[PDB]
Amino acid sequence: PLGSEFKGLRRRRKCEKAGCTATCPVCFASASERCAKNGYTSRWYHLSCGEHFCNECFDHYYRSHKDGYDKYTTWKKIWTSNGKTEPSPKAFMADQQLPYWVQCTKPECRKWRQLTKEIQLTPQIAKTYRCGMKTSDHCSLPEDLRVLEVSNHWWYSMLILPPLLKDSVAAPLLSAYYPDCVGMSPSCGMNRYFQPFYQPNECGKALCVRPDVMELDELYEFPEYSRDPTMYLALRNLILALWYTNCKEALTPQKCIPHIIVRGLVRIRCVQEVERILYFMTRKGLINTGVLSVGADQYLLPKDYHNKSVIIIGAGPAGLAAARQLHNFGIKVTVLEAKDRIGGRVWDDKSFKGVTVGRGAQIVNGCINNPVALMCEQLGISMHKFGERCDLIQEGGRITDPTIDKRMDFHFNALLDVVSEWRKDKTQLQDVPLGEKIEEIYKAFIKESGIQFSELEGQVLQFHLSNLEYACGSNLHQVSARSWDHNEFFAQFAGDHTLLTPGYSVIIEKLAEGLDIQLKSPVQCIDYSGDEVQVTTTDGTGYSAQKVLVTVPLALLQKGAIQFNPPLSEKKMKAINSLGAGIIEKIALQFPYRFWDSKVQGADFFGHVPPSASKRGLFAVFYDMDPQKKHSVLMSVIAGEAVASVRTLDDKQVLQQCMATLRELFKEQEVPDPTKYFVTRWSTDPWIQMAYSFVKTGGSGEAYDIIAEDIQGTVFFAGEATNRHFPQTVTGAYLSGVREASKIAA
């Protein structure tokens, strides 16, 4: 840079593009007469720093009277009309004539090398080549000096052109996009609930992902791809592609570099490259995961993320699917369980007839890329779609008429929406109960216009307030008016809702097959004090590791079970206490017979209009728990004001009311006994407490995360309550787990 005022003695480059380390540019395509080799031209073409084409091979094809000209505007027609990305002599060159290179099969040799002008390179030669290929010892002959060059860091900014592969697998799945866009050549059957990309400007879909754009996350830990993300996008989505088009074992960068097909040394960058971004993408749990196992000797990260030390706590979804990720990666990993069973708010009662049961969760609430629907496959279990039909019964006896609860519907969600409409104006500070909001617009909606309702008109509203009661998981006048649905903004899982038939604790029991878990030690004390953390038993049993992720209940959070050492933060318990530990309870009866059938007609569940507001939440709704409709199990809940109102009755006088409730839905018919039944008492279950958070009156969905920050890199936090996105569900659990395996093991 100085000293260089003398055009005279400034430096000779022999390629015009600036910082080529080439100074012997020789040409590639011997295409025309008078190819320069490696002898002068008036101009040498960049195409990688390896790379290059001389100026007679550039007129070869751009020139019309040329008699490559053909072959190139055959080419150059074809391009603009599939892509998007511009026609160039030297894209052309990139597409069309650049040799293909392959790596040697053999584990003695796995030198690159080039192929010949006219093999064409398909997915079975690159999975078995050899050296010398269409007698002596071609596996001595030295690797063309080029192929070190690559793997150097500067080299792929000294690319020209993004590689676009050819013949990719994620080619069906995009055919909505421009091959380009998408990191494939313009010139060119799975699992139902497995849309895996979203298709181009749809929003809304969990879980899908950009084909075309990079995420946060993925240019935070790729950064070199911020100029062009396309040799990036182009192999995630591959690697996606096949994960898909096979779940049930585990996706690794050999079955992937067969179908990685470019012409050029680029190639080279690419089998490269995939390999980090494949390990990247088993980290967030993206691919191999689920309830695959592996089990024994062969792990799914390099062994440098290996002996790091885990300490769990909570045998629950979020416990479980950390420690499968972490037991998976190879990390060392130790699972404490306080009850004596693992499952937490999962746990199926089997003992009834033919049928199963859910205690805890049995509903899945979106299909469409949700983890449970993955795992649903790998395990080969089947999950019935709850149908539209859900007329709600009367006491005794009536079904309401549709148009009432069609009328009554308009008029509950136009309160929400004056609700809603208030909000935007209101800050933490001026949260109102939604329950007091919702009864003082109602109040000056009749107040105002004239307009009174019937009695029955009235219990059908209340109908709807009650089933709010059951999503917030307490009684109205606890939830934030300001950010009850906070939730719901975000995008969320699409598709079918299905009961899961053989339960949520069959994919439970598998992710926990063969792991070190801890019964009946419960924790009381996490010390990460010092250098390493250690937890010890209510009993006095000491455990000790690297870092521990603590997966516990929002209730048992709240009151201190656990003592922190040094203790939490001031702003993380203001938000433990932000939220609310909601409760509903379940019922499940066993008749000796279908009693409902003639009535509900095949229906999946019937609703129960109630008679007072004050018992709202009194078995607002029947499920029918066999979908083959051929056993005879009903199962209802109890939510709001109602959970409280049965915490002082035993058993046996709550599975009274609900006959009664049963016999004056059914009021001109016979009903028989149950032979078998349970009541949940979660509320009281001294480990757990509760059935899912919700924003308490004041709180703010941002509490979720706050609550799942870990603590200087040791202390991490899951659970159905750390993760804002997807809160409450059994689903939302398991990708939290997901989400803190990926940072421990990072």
Given for the second form:
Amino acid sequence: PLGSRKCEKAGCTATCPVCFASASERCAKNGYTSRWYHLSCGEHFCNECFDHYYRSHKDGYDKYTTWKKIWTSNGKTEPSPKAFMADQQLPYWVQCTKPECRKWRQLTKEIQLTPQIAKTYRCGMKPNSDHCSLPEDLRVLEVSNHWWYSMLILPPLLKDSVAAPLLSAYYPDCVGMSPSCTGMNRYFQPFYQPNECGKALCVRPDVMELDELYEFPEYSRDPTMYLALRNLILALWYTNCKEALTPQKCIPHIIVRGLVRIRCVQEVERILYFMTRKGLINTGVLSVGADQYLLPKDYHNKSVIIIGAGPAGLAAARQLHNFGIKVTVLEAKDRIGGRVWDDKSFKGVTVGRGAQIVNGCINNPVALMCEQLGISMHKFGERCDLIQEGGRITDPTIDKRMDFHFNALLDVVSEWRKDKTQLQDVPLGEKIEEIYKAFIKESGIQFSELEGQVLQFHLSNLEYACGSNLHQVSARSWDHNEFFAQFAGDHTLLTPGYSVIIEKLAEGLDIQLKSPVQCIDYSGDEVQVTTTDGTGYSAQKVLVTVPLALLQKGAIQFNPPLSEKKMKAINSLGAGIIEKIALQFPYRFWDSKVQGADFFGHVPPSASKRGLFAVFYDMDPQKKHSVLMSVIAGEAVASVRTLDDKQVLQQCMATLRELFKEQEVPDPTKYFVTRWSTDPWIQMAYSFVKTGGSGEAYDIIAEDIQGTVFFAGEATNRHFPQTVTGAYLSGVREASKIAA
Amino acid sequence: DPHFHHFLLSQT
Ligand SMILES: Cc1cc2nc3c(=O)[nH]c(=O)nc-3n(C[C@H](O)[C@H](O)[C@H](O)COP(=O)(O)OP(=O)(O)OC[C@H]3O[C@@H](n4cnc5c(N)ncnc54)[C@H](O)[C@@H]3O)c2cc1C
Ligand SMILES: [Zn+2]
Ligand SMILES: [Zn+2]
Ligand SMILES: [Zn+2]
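Beyond the form deposited without its partner chain, can we have the form solved in complex with its partner chain?
Let us now look at the entire complex, which starts with that chain.
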């Protein structure tokens, strides 16, 4: 009767507190003590065990001080006795893995929980009967109660998290890991480093993102538990991206003392499903069987028609199929891929007629997919000599000088734009030419004919990037996407081709080729989708991923029609265009002059030849086979429209013979010339912002109609326009919206 | 600032 049997904590539901520490010879056990300390509704320790560590004259004080020091030196939270108890003394809980038992059990205080123990535990297991039949401790079912966590004192801190090696620059308790704790693909950098500049597809490990706050508002007050589990989940995905990450896989990696572990295990499942739906994990070319769908059955009860089987359409279809949702894709052409189309008949080389370069590999879904497929990319060398007609290699200082001036011209454009509205937008090309003449006139510096020709090369590089002569592109908005964090790291040639990724995304999906959509009717209960031959399809939801030019032409009839606001956005973007030529030779004639560089430039003879085979690419990085690819950009696409393939070839060969004037150039034995501009279902290479337009147009086009008609494709990605990467992510984006 | 945020977790 001297002492208490009531917990210190007001509102606590523990009618009988027992001490979990039994660290002091004087432990009150289950009897009366001065004060019962409350870690949770089911966990308390007595006053003398408190004192055993807390007071200097007691034997557990030595342990407390050494822990307090470590906690203090690499931690941010207070090193209180409750914190010491929760980190070092609270006994572990583990769930029996027998499918028909599944009961939670407390381990004896000396046992250190490990992943292997958690993986295989069953009732009764010890390092040295009828154990499953014994009743489950009553405090377990209590953890489910809404209030349980609120009555828990300190947030859990994870031990030996798979995330820890990646977060060594953070204080562990800011990322939900314990301060007392002591060959991943180099393109996987999912976590921001402290005060590192923006990069694409990166999370702060210590801050919840907007969508995370939105889905789990209960964590806005204290995100520790969420952050620890989200970071763990991401770290697990990236350590093995070739298989689906499941709750069962995560649970053995959640290591924390106490009943709170139960709360953690109960939460990791919801967090995992969220990250799956959003496309952060369980993604890329991962494919899962009917018995292994990535989201629970409550997401499964819907049907989707996806129009177009390019990167965007296939990404969405792959995501939704993997989730367990019913998906049908309708593709106009006799092949899947869209602006991914590879030619594999070149001896020992894959040459893309469309996409083949990866711009920024760090965190790039394409790099993730290369890892999953076990394929290699080739990082481009820096060297690109500018070769003149006929033969002269341009002085690198001239190259660098004119590049500097071209960028200076762009810099003053970004000054001029600061006080202009869309109604005041001028062509970038017009504005450059104007500023150039103003600079030429003011300081009377005359550039040589060559310097002028090299400026022209640099100009053609920007026309190349935009897919247009710069007189059609917005001075205000040309580089709008740079406002957002962009993909860091290597620029690579995807040697095996994007087709390898496309084929994997598509495998096992329901895809209807040669089924060009002509009508989408969303006025009724289900969407009615009609092909050009009158074939009928229906689903609850429809995703449109057709190219921008095809929306601009109105090739698909929408009932009800698209809004004026959408039409204005659609028409405010440009349908950019480049074409490619590929040439196979009997031998590598360029080796003597090019000396293993990945590419060489071609200085335009005059303004009228700008963009006409500006850059040639050596298509075998192993330097064995002889294939060159070149590009036709800007005004040069026009000059080529009325030429047949033989004639384009002639001009290319004439160019090469001028570039390598001092030597013989063999005849090509195989070639292609692309005609994307006149491919009826494509009609372009990639989007750009036309004069008067805004980057916002990408968002407006991306906006769903009545949660019923959805839009994806490169021209719907404001952060990452133009690219296979951006198209892929737009598909992942829409799959998330659709699955919600 | 949108110069930083994760594209897939900034959709709301
Ligand atoms: C020559 C060239 C070079 C490029 N280089 C690169 C590069 O190096 N790196 C890079 O990242 N990107 C590059 N791109 C751009 C990139 O290929 C595209 O951004 C990307 O493929 C777009 O994906 P998508 O899914 O959005 O559209 P698409 O790939 O175009 O696919 C859309 C699909 O819609 C189908 N379709 C259209 N209308 C209908 C209809 N009515 N009914 C049914 N189906 C329809 C089309 O047939 C097509 O298959 C290049 C493009 C070209 C043309
Ligand atoms: Zn209590
Ligand atoms: Zn005690
Ligand atoms: Zn059991």
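Superpose the two forms; the largest set of C-alphas matching within 1.5 Å is the rigid core. Numbering follows the first chain given and starts at 1.
Picking from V679, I688, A708, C27, which residue has its CA shift by 2 Å or more between the two forms, once the rigid core of the two forms is superposed?
Residue with a C-alpha shift of 2 Å or more: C27.
Large Cα move at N475 between the two forms, threshold 2 Å, rigid core
Comparing the forms between the two forms, which are aligned on their rigid core, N475 does not shift its C-alpha by 2 Å or more.
With both forms fitted on the core, give yes or no for whether the Cα of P179 moves by 2 angstroms or more between the two forms.
Shift of 2 Å or more: no.
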